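A.B. asks: Given next are the chains, with one letter for each unit.
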Amino acid sequence: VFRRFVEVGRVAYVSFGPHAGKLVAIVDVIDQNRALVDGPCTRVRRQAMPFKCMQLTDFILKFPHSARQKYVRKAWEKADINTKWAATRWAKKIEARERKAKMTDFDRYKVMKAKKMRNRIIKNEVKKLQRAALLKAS
Amino acid sequence: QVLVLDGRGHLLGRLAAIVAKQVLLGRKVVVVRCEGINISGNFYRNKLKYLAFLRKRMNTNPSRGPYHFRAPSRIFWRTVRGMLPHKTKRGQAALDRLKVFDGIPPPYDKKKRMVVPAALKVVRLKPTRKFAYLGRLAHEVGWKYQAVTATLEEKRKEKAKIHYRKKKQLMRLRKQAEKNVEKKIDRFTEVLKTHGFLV
Amino acid sequence: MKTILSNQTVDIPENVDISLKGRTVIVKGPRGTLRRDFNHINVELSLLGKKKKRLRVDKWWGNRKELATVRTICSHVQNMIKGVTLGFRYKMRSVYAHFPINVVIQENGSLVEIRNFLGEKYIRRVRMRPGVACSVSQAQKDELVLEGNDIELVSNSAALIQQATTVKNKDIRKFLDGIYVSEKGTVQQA
Amino acid sequence: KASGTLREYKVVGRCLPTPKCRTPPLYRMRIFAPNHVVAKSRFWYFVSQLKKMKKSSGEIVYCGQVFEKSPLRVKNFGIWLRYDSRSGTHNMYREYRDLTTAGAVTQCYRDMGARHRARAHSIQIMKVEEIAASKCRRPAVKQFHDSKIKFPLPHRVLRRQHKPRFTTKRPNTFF
RNA sequence: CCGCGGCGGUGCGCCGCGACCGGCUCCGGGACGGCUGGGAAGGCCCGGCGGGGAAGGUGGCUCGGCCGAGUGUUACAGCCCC
RNA sequence: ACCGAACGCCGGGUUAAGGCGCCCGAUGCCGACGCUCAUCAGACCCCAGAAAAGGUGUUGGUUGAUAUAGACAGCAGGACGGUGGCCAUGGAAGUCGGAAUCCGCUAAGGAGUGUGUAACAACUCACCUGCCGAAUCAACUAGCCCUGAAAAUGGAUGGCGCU
RNA sequence: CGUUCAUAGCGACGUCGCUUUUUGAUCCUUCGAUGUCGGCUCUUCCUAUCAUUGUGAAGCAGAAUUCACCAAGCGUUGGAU
RNA sequence: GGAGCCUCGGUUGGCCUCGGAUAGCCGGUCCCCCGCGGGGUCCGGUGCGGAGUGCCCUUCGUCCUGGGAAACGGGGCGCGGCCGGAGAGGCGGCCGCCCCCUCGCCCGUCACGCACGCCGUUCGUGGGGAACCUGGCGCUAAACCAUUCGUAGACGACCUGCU
Ligand SMILES: [Mg+2]
Ligand SMILES: [Mg+2]
Ligand SMILES: [Mg+2]
Ligand SMILES: [Mg+2]
Ligand SMILES: [Mg+2]
Ligand SMILES: [Mg+2]
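Residue numbers (our numbering), protein chains in the order written: chain A, 8 to 145; chain B, 81 to 279; chain C, 1178 to 1367; chain D, 7 to 181.
Be careful, since some hints might not be right.
Said to hold, decoys possible - Capping the alpha-carbon separation at 20 Å, the derived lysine to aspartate or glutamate pairs in EDC-like fashion look like this: (1) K154/D x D35/A; (2) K148/D x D35/A; (3) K117/A x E270/B; (4) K100/A x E270/B; (5) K156/D x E1221/C; (6) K154/D x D104/D; (7) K206/B x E1221/C; (8) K246/B x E132/A.
Because the hints were derived from the structure by calculation, they are not lab data.
Whole structure, please, built from the sequences with the hints as guidance.
C.D. replies: The following block contains the structure:
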């Protein structure tokens, strides 16, 4: 029933730690709870990193299990994980959470007025749909 | 201003410590559905633990001595009372703040209830271990009303299924209304996603 | 230590239709349906091949006590496929020294009355498990036949009437009496 | 002897020059220790066991930390052990899989304390040797020898339980 | 008496602020020395040399749509590593 | 009586010994690595409880073997002849027991492991083949847990509890 | 020892433990006093179980009797001295 | 509709699926079954959850006039009807009818003791208890002592009888 596997070439998202919020290519598997990790275009150095602080995605790319940073950089740039990650919905809601955190007070006031007017218009439309469904069921 | 905690799947002492601390911090907590509390360690271990607790009783006057409450809500009240400083006035005020229920009453069945993942079985126990339900433990110690509570919970699960069907109908009306209105709220929807909403 | 993977495959024949809702497998075919809920067993159950030719069971990162469960899931799947296709037939003979043990079924095979065990007057009524049919066979003197699909139910129903006819407060090495299981096979051979 | 994260120190030493011998031989060891003070102390311990040399009747010529010549390459390490039980002293051979020699020896100290209650004052490290893909005798190490290794994270139980503690959603674990 | 013009103790009570000092507890930066005059790493790769897991191959089988996936077999380098 | 530390009255800071789920101040670290299932789990000098022995319960280590000359358990043919050999007479053609203790067929039976006899007879174990085809066997040893382990009022890791 | 058979039941030569239901050992509390033995009455508790309930093993053919487990719920008498 | 005493907590609310953890949420249901709904098969979208408690809902200065986008919405503890809710209900939805208003988002237009820097601002609240007062409708006692009884009893207490 599993879909995401720890494979040589698995791209993962670091949850916490020093390189938090960055992408990871798994190069080799060291132990049950420790992996060998490269970050060629995501400003992460080659090091070991446990499986607790990484969230594996559904991206795979092809390079042998002991690549000396160059072939995995070329595989990263060939598969183009940067633009596909920017087009990925989960990174879009991550940067939506980042915009919510960077929301200024004047920006929050504009958002609140837009919430108010949008909810009034959609609530009037929901009431029109309710009376139309009542007339249809009548 | 009142927490409504669900006792389903939550561990006994793991939930009781958090409830004791949050009630000593001046907050009204209502822990509900306490026969769904599961205790780590299997059923014969937990049953012999509570039977040893039943054997501990005052020799001269057992009516004066330890009161052995059989209901799961009062077992949870006892395991919070053993964590609260109940010999003091602030501990008695905490016991007055805490309200514990078997099943879930009509004052609290139509309320959104909370889940503590720091005291939950799937988070805290390994999946290969064993556990025991406090409802089954109480019924085989002598609590009388597992079946009446089961029928009342079946009735309110039917009522909550009807309510969730109505909520799904309101939600499909909300989605089709957003589909109708997304041409005239084009600059109302965009100013939420440039600041971090709906994406 | 934690073994990284233990896998096992079950190749189902073309007379069997199996499917699974999570860890809840259901096996239907000629003789009927049999369900088994492998929740709280904590394995992976994949079902692959065109028209689901094999059932694959995985255990990931399990030590010895959970590596010992892959083959028992495989064995329950073999027994369930055997009960669906060929069924289970347990033959059990009434061994007695002097008193002939009188066995009679009541509804179809559900209630079984046992009489004249060691000359006792107390009749022994046994309810069988739901799905197990009891019968008195032909061309044999005192012998019961238990037919069914679930090996659990059929063998538990055999153990009930085997433990009902026990000798109390005597030397059972001398008093060799009772209804004892003699043969374990299928309904049809194919 | 206590432990932290361990470091490997090449320590050489000799005796003081005497009128009967002006040039004593130099003896080298590879002490696994947290810092150089306790590295020099364990050096005097093992040299006092082996040769006739005490700290006041000798001198350490140089104590320096040696670093891993390839820290980015995962390696197998076979470590020979001489520990002391509640009964008499026993000998062992362990295999681990880590990047550095000092990291493998750290994992060895934690594993000895976990399995056999062997403390850092009772554990005497004989020697550590790096091993290729062959010449391994432990199945827990040999199960990681695969060209295309493949395993999920099956029961990925969540953490961060207490940032906001009271929630509506029951937490998920299938990832 | 109009002057808070200068000095001194000050105010009926509740307070707030500024700057300076002593004792602390933290944060953000900047630049320096030693090392095995640091180890591996990042970039272009060059003319050779040996060994080993096993790959746009070969190839027994299995699963599907000439093509894709898994397993094993000798093993070069056009997958790699020292 | 133990560890730390010795004392005028206070404010700020920092610790020792101990701790940081709640009582109870502080791990509400997205702590690291393993071990442990207890139908009597375990929980910190003094100190308030446990032994010899045993366990394929489970985790490691030490030693010695065999597997394509085609293992281990699993269905299967056999324990003959010199030889009632030899002291034992009260009976040893393997047989209560003890000094003895090899050849032949050889594929193979040790002057024998048991069932059992006044003696027999008979059932039946080294080795290999027909079938499944790669990791297995044996003895020690160290961890945690279990048995050993039984007292009288109801009873105490301090309590709640904890996997 | 048990017709053969160490272990059904026993078990020498040795050795490891529990109890304060016996006597010892000490003098820690009490000598400006804690009424000192038995029997009668009465209640509760322990199991190291004699019998009863449920079982396993016998040198258990049946009857009778020994060994062992869960187990203190209910019983354990009338008398001569 | 009115001050006036005492006791305090507060400082938007969330009006609800069950369920699994080696899975789960949402659709039409072209296909099928059962009593408009539920359930099963196939297919499609996300899944460190955006049909998100890391969440959602209400704005928290006022009024004047004069435009644009949207809207027939709101109110008079609005009057009568239809109901649902019993585990510890004590609230909510839907219709007929009289009148009034331009409230939500942007803009032009000024004015609100602008109390001259200084702290318990705001409110759930017409907060809970007691004493005076504005009216309409509805009402008329019970217990105990004294007597008696004996189904009871130390005294109390208990069972009884008496316009
Ligand atoms: Mg008998
Ligand atoms: Mg000291
Ligand atoms: Mg006196
Ligand atoms: Mg007295
Ligand atoms: Mg006993
Ligand atoms: Mg007498």
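A.B. asks: Hint by hint, which ones does this structure get wrong, listed from lowest number up?
C.D. replies: The structure breaks none of the hints.
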